Amino acid sequence: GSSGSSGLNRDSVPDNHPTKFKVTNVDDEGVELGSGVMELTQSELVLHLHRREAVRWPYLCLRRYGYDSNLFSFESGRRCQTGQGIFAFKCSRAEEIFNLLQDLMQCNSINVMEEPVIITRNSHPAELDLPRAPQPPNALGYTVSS
Amino acid sequence: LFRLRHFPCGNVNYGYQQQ
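Sequences listed follow chains A and B, in order.
The numbering of the first sequence is PDB author numbering, which starts it at 1 and goes up by one.
The numbering of the second sequence is PDB author numbering, which starts it at 1 and goes up by one.
In case anyone wonders, no lab produced these hints; they're calculated from the structure.
You may find that some hints are simply not true.
[Claimed, not checked] Label-pair restraints from in silico Cβ distances:
| # | chain 1 | residue 1 | chain 2 | residue 2 | range |
| --- | --- | --- | --- | --- | --- |
| 1 | A | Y142 | B | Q19 | 38 to 44 angstroms |
| 2 | B | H6 | A | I119 | 29 to 35 angstroms |
| 3 | B | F7 | A | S12 | 32 to 38 angstroms |
| 4 | B | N11 | A | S109 | 23 to 29 angstroms |
| 5 | A | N122 | B | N11 | 26 to 32 angstroms |
By construction, the Cβ of each residue, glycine as well, lies at the ideal position given by its N, Cα and C atoms.
Let's have the full structure, built from the sequences with the hints guiding it.
This is the structure:
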């Protein structure tokens, strides 16, 4: 929880902004591959970078979201823009990202802004993700006669 | 966007329990 606003322009994004974070995508050894800006907002997570395409992940896809010494990372299922995989990023503020993620992910943002038409509308049936299911109960035995 | 073999973090809060 926090607040504050002002009618001031921004000439550039700092390394310490309260909603943007300068990040660098890293490999299995922790070597630096490419730089970007991670944006946290009530809609979803977004990466901004060069003339390349931008990249998005909804909080629904984030089964887990972790932080370590200068390291931020997240897991995501086959349903998202990038497909199935874990993506890790070097960042001087990885704990402040982790502290802000949970503030938005607990909030759920239920239609918080007016969205366009989407395939959640009524239509023909198709392959579409299933909800949770209950654990099946145990059976009982019986006694034996003379 | 590098795809890792496993999760690099031991301390984690599980948020969404849906696929």
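### 32 to 38 angstroms as the expected CB spacing between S12(A) and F7(B), which holds or is violated
Given about 33 angstroms between the Cβ atoms, the range holds.
### Query
Do the beta carbons of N122(A) and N11(B) sit within 26 to 32 angstroms of each other?
Violated - the Cβ-Cβ distance for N122(A) and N11(B), about 42 angstroms, lies outside 26 to 32 angstroms.
### Query
Given a hinted range of 38 to 44 angstroms, is it respected by the beta-carbon distance of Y142(A) and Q19(B)?
39 angstroms Cβ-Cβ, so the 38 to 44 angstroms window holds.
### Task
Go ahead and decide if the range 29 to 35 angstroms is satisfied by the Cβ distance of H6(B) to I119(A).
32 angstroms, holds
### Query
Is it true that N11(B) and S109(A) lie within 23 to 29 angstroms of each other by Cβ?
25 angstroms, holds
Taken one by one, the earlier hints fail for this structure only at number 5.
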